[PDB]
Amino acid sequence: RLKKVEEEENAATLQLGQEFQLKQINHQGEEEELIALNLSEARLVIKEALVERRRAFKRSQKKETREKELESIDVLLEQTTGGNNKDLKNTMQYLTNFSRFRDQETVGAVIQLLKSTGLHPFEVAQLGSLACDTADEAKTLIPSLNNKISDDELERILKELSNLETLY
Amino acid sequence: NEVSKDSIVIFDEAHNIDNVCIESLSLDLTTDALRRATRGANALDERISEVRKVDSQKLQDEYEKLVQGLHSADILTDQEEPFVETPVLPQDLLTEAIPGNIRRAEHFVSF
Amino acid sequence: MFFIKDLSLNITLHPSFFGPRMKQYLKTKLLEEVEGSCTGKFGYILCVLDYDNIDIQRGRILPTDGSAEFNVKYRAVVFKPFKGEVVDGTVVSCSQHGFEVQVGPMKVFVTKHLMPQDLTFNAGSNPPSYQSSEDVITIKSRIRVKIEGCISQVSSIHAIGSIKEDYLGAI
Amino acid sequence: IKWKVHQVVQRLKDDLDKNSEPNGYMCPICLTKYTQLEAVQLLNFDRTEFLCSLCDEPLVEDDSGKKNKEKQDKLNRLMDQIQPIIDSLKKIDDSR
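Chains as they are written, first to last, in the entry's author numbering: chain D, 14 to 76, 117 to 221; chain 0, 224 to 334; chain G, 1 to 171; chain W, 98 to 193.
Read the hints as simulated data drawn from the structure, not as lab findings. The beta-carbon is built from N, C-alpha and C at its ideal position, and this holds for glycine as well. Treat each hint with caution, since some may be false.
Said to hold, decoys possible - Computed footprint of chain W on chain G; a stretch qualifies when at least three of its residues, placed anywhere within it, have a C-beta under 8 Å from a C-beta of chain W:
{"id": "1", "stretch": "54 to 66"}
{"id": "2", "stretch": "148 to 158"}
To be verified - Computed cross-link-like contacts, DSSO-like style, restricted to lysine-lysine with a CA-CA straight-line distance of at most 30 Å:
{"id": "3", "chain 1": "G", "residue 1": "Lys-83", "chain 2": "D", "residue 2": "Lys-168"}
{"id": "4", "chain 1": "W", "residue 1": "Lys-166", "chain 2": "G", "residue 2": "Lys-112"}
{"id": "5", "chain 1": "G", "residue 1": "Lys-5", "chain 2": "D", "residue 2": "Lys-139"}
{"id": "6", "chain 1": "G", "residue 1": "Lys-83", "chain 2": "D", "residue 2": "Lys-142"}
{"id": "7", "chain 1": "D", "residue 1": "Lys-201", "chain 2": "0", "residue 2": "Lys-228"}
{"id": "8", "chain 1": "G", "residue 1": "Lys-107", "chain 2": "G", "residue 2": "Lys-164"}
{"id": "9", "chain 1": "D", "residue 1": "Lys-201", "chain 2": "G", "residue 2": "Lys-5"}
{"id": "10", "chain 1": "D", "residue 1": "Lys-76", "chain 2": "G", "residue 2": "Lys-112"}
{"id": "11", "chain 1": "D", "residue 1": "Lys-17", "chain 2": "G", "residue 2": "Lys-112"}
{"id": "12", "chain 1": "G", "residue 1": "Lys-140", "chain 2": "D", "residue 2": "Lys-71"}
{"id": "13", "chain 1": "W", "residue 1": "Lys-110", "chain 2": "W", "residue 2": "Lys-166"}
{"id": "14", "chain 1": "G", "residue 1": "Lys-41", "chain 2": "D", "residue 2": "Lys-142"}
{"id": "15", "chain 1": "D", "residue 1": "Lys-60", "chain 2": "G", "residue 2": "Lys-164"}
{"id": "16", "chain 1": "W", "residue 1": "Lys-168", "chain 2": "W", "residue 2": "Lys-99"}
{"id": "17", "chain 1": "D", "residue 1": "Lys-17", "chain 2": "W", "residue 2": "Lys-110"}
{"id": "18", "chain 1": "D", "residue 1": "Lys-76", "chain 2": "G", "residue 2": "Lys-41"}
{"id": "19", "chain 1": "W", "residue 1": "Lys-130", "chain 2": "G", "residue 2": "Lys-112"}
{"id": "20", "chain 1": "D", "residue 1": "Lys-75", "chain 2": "G", "residue 2": "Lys-140"}
{"id": "21", "chain 1": "0", "residue 1": "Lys-281", "chain 2": "W", "residue 2": "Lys-166"}
This is chain D alone, in the form it adopts within the complex:
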């Protein structure tokens, strides 16, 4: 239909793609906002899903320490699934390498703060997946953030996030 070109770049000045935009509708008819994620939040939820499905298989045949955890979830993965997920091994290595918080509670407190701030979701998810403590340097890194946010507010959020998160 008209071949509908629609050239679009992905950036943080609310320059978001159509294919993953914000307001969708879920299949029951309720509105489906976009779920963007933090690196430490993803690091938590992969463990949550893994322990949930592992206990699900425990019921099936019945009827945060990263060095142990990566290899343990690996052997849990080749317990049932295949060994082809070398790139998925690379992904949780990336998650445990650069995720801003190793512990769950700092991430939970940050999200509890952000649920009150009501910031832009993709913006603050990019900020959370990034691991830095310098707001002006982050603005020099991403001129999209430099144009969007004031440096004073950026650092006033960054320090009260930086004191909480596990420094590396």
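Got chain D; can you put chains 0, G and W on it based on the hints?
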């Protein structure tokens, strides 16, 4: 600037001076002027790119002078004149620093 | 970057697998052809969410074959390789005209023209190290690369990148 | 005249922009050019060189990187030659 505050002021036959007052702060926008503005902005942008290529020292000097927040009277002398003359009355001017969002030359061009 | 959304799949089932216990059988099939997979629309498909209360509930027998078609709706995690922002990836392999950075799942390459010309690249390195101050390509090799564009194709994902920017290549 | 000079300017400017890009590759057996990305998807298992899909030929790099400055200079001197036309165009736009 160079007038005595306690001089004597007289006006003659300014019974239609309100029109001069009106045009003192009124302005119009045309399409060709917009086109000339686009062309001038592009020319300035390419000149800034060329200057950043050949010698970024002057641009960095201007940028740090803006970081200190100097102004037209601060930097310019008398023998040089400001390009964009002060459109507003001096009682209403801004005298603080340039924001970082337009502080860089490229930032101001994109602005 | 990684994304969460409800997503739909259509799956065939051979008529030999019409045994009395097929719901968890379909759940297993959903597992090994969702986990560890790549596409163009959603990129690398990482793992599934919402293992319970999943949505299949009904299926049609195909006309010409005893295969039964099913429609599966599920929450999941994928990866969306963007363009134009910084990632601190790792490099495993290198070429003569640029290094190949493995930022997680894919292998993004930077051409010898996409590296800055003032980077002091020495070809006599193992791997060929495009280092100036600190970004020496190692087994770790945390290199801040910006994806110029992850070009999307048929389900084999490829990306391009460069380090011609301040703190790009530099962490 | 304005359309032709505009087309020439855009053509040569995009020529210089394209010549600033990496040159690419080709397989001379089939005499078909190959882009840098097409080289990326056609590499060997050794992650060193690139082999053709049809002729199975090791990809040889295109020769345009030295031509970048040549096309830039040709653009510059062509603008210098065309500059009186530009000035006359400016005066024409001044006129009615």
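Hints and how they fare:
no. : hint                                  : result
1   : 54 to 66                              : violated (count 0)
2   : 148 to 158                            : holds (count 4)
3   : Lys-83 (chain G) / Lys-168 (chain D)  : holds (28 Å)
4   : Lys-166 (chain W) / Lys-112 (chain G) : holds (17 Å)
5   : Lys-5 (chain G) / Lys-139 (chain D)   : holds (23 Å)
6   : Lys-83 (chain G) / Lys-142 (chain D)  : holds (23 Å)
7   : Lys-201 (chain D) / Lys-228 (chain 0) : violated (47 Å)
8   : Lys-107 (chain G) / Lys-164 (chain G) : holds (19 Å)
9   : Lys-201 (chain D) / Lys-5 (chain G)   : holds (27 Å)
10  : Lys-76 (chain D) / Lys-112 (chain G)  : violated (59 Å)
11  : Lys-17 (chain D) / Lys-112 (chain G)  : violated (35 Å)
12  : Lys-140 (chain G) / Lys-71 (chain D)  : violated (37 Å)
13  : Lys-110 (chain W) / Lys-166 (chain W) : holds (13 Å)
14  : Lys-41 (chain G) / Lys-142 (chain D)  : holds (22 Å)
15  : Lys-60 (chain D) / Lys-164 (chain G)  : violated (37 Å)
16  : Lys-168 (chain W) / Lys-99 (chain W)  : holds (22 Å)
17  : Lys-17 (chain D) / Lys-110 (chain W)  : holds (28 Å)
18  : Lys-76 (chain D) / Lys-41 (chain G)   : violated (38 Å)
19  : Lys-130 (chain W) / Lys-112 (chain G) : holds (19 Å)
20  : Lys-75 (chain D) / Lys-140 (chain G)  : violated (43 Å)
21  : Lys-281 (chain 0) / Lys-166 (chain W) : holds (27 Å)
Checked against the numbered hints above, the structure violates hints 1, 7, 10, 11, 12, 15, 18, 20; every other hint is satisfied.
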